[PDB]
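> One letter stands for each residue in the lines below.
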Amino acid sequence: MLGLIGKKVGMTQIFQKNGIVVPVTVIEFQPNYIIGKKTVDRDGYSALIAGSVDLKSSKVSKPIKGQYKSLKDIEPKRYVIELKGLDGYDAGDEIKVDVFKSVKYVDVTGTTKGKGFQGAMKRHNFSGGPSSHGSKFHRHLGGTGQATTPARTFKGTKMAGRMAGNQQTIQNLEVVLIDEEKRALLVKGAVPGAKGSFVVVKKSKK
Amino acid sequence: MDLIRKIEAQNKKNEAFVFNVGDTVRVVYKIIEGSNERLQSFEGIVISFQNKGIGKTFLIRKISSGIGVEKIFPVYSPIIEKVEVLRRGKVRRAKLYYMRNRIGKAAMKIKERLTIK
Amino acid sequence: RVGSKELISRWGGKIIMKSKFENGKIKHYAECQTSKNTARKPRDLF
Amino acid sequence: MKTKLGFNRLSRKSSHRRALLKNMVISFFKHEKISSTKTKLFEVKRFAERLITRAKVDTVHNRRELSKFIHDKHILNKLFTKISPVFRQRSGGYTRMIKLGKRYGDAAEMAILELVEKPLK
Amino acid sequence: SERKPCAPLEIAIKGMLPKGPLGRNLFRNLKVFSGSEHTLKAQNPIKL
Amino acid sequence: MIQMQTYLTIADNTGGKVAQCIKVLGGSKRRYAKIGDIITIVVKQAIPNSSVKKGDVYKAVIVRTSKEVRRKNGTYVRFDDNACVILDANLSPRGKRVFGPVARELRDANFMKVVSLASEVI
Amino acid sequence: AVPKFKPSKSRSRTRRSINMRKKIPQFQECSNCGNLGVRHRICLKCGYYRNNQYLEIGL
RNA sequence: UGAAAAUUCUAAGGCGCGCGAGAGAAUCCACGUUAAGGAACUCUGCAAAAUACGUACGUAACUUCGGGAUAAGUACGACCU
RNA sequence: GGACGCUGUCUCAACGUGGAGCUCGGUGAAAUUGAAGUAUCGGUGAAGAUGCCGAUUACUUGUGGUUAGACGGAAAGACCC
RNA sequence: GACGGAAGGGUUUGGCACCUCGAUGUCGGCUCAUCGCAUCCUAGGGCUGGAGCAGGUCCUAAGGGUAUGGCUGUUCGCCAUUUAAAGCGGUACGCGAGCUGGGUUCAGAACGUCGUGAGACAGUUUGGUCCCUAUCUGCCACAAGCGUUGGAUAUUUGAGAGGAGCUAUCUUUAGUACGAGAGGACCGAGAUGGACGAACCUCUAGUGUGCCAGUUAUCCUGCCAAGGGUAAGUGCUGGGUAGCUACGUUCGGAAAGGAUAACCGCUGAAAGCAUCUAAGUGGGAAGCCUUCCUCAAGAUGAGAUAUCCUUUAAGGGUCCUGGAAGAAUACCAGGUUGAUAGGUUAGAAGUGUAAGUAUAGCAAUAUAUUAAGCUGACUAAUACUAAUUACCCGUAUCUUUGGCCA
Ligand SMILES: [Zn+2]
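Residue numbers (PDB author numbering), protein chains in the order written: chain E, 1 to 206; chain R, 1 to 117; chain i, 10 to 55; chain P, 1 to 121; chain L, 99 to 146; chain M, 1 to 122; chain d, 2 to 60.
Among the hints, a few may not be true.
[Said to hold, decoys possible] So the derived label-pair ranges between C-beta atoms look like this:
| no. | chain 1 | residue 1 | chain 2 | residue 2 | range |
| --- | --- | --- | --- | --- | --- |
| 1 | E | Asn125 | M | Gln3 | 18 to 24 Å |
| 2 | M | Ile47 | R | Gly53 | 47 to 53 Å |
| 3 | R | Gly53 | E | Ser61 | 38 to 44 Å |
| 4 | E | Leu55 | L | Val130 | 41 to 47 Å |
Hints were generated in silico from the structure; no laboratory data involved. From the three backbone atoms N, C-alpha and C, an ideal C-beta is built for every residue, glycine too.
All chains should be modelled from the sequences, with the hints used to inform the complete structure.
This is how it looks when you write it as structure tokens:
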């Protein structure tokens, strides 16, 4: 599956030729290199290891350094991922942004924004109690279980706790524009993560 | 520098017209109906400017058959054919929302600037 | 009426769609005469 | 989640925070060197460096602005005459806050704030 | 059986073994292979 | 954003002057109607001795809303009062003339005859 | 909202030992006097810090 | 200031509530603000919101002729000359 | 009970402010308390199981939340006899 | 399907008085659900006195959905608009150490009836405190210690687990099949919505007690001018970046494959026939398992692998400056070899024309100076200031066997 490690620059909008506005998210692609390969007869499966923006030479541990010993003029890469079942490339290669030039839809994977310790009403769209008529119940859970049967709280009951921070992959984002000179992709819609967080863009499954 | 702003500059293609809040303007723009376009017009007072960058918009208010109407136009939109400034006025706010409360003749008028001789 | 959209491919072909058969398994499936590309649902051909 | 970055709120409502900042800046300019809680001193220097850079150039209008914050006339004159003319060149960072340890009793984080270059005498 | 070829026999033996720490240890003492070959050639296992 | 209990100006010459929305059609929990939707109204005030009496229930189409709704080209149109037009059984305007302007989403919602009888389309 | 049975001394001991646990502050000997001072803090014994006087230590 | 001991500010005078300091998660409690709709919530216009003064205009049914009544409703209030 | 006006009462909630809550330092309780290296489900049973049978699940130990249970604590049931 | 017969369900009204009176808080409502299928709708069928359409009856099937208001404390019921459809039950007639007190079930008062009366009445009306800081178990989350057999740093296969499974309208096929006509398709596609879920701030919209302008009252800056505090927890108004939020934007609910329920078969018996089944061999659904998304080797069954280190090395932690992370945490970024933060410069921007001076007017005030002044939660630079010439943890034990090398 064709994929790339990009950085979510932000959002903007563009004007189609006839006047229709399209709200887009912009992704900037630092150069991506193929660092190694995984093979079915040696690792158990076939995948390509892909890496991106470099690290500072004072903060590269020697295991990471030795990972790149045999590669020529490829500094250590901070973001490393795997592309399963891909061919057409080998160690030392380098993937342009134009691999999406023939693609209509993409999928983007990133780390969603963190919202801290969040309550039930925000986390699960719980309604609350009334704010008047004598109510002493505003944004609490309400009841949680049943009385004596089962005499416990079922596993998976939704309560308060941390919100957000998980990975998530959003599907079928239309591809609006590709700009090779500035290494940018413009997709239509929202992309998980805060500004400057790093996403992975894959060719759409459908 | 910013890649967002560079993409915006690459996509402007349609420079902003010159006019200020409080002027009375007529905007002429394109409208599609299925497959056909027509030219439509809108006279009124500009009563706000707006957001940063290419998302900049402006608001025009007018009184039609006794009913108030407001329209929001994106400044850099390609559908905007022309903007022409019939009367140029002098205000002191940056947003003229109080005109929504003004009633009658006062509901539509702004004292103009008179350029010194 | 917003005019009845002519059921067209993205490659300029009509999508006539038909019914393959194979091994008890009856299949309705999409077809373009311009490009001969076979899929099932004309979603995939706009 | 936290919005309103740019403050520490100093654990007090807005008016009392503003009064706190004004008084501590006044004292800092008067004494050239003060000791206090690290958070309070941090905000104090954020505002003191701003005042110094505004007072780099001495004019009537600038003085009348600086009076809106410095209500001690003596120290306003001192700031415009004795302090800035030694930071006329420095591009920034006129002050220096250095930690001092946890204070006995309530274990606050004490620190010392002072000027990098002492003014004219 | 299709998803885990060794599962039926492992489950049955687990059921028939005693219960508790020693039963779990005994189940640790068992290796099940789907095919006709095993990797413990170093122990010269006695055939039965 | 017309919901239940909203008051509306009847913008045609049937006789009614104020209507009240009592249902938003086409949807189970549907809560808001926009320009070009059909609602069920009761008449709260009418011109005396007209063909429309106070307290009758009809279907009406929304022609002006006071909350702006996005269009494809980015423009928003926000009127100054909420107004509707009564319809007969065929989902066609019962009246013969329409007062004031209407919004052009009626074009897309296929109310061409309301659009034509309007004075200005914005 | 009240304890149902008195907890065992094991549980009480465990909780108490885990909670009432204070961590040592880091140290770094002063460049001037050789005292062990808290890292990143002015020396409390001589007043210097990175070879700069800041205090005037009294009695 | 005002009709006033109202409201607010302030002089003299008396005080800065006898655990504090960092961070501000959820949540509890007391408040501020709001698009469109305006009692559809709810046992109940509960609670809030809103009305409020001064000077003028204008005030029904009913009535024991006293009232109802500040009925309702409407206008004005800065500064300078 | 109804009408007018007005509104976050409601569709529908969000944001902000202040006192708690959170961390650290000092001071420092209460009711309750046979203990406890106290898991769940299906059954049985003074007839609603943390303690039994069978079976299943589970590295050890905390902190911040929420009360489903321990027929919770408080009041030798006020109702019945 | 008359008159009868045989059973289940344990929900209605009861029987019984077995648990409970040193207290098992009783009816509705709000919030939050979960489970059963005897299935309201969507799905797959059989038969009709099923022409089509619309049904009726019956079988399989619980994945999802199953409405808002007027009246009543009301469950229930009725009524008005809807929707493809507005299901039936269990769970202390779910849920008060979650909320509500309308009703029931205290002491007030009045009415109806009975009693000589005191009073009584599942007769009526009105008023009439809802306590408790969570010890354990359970659950929602984050860490500490430890193991995974040399010790660490990264990339991942995957058991297992969770989320996700909704539906209409309209235009074509087709006014064709069918039908006297009216009326009107099966099947298979396309486009537009509703409910619901997630991400996000480009637009729309709210907040914006940072900031700016206008303005009341009083005090202060000696005073004029120009400013500042106080009118709880913004004096009151008019705007507002960043962040946050939906009232916003975008996307998702597929398709396909394997085994199958009801149903329909093919080839053929037992039983020369017949028969879907007995040997075989098949089709077949919102159902099951893969597939989509998230978590996942504490899965002790503790995986695979690429590189570094070999008596304290590799590497990790503490400290400090901070974030896109956040309750303390942890992760992540950075630590003079550095733009991490602050300061400063500049910009995207808010306020919308400052102070001073000058002109005109008796003055109020206006104009010029002036897209001014001021504020710049963001962005891009800049070592000016602060992250120090730094302190603690941390590697093939041993036995047996096989293979290679000698
Ligand atoms: Zn020293």
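> Of the hints given before, which are not true for this structure?
none
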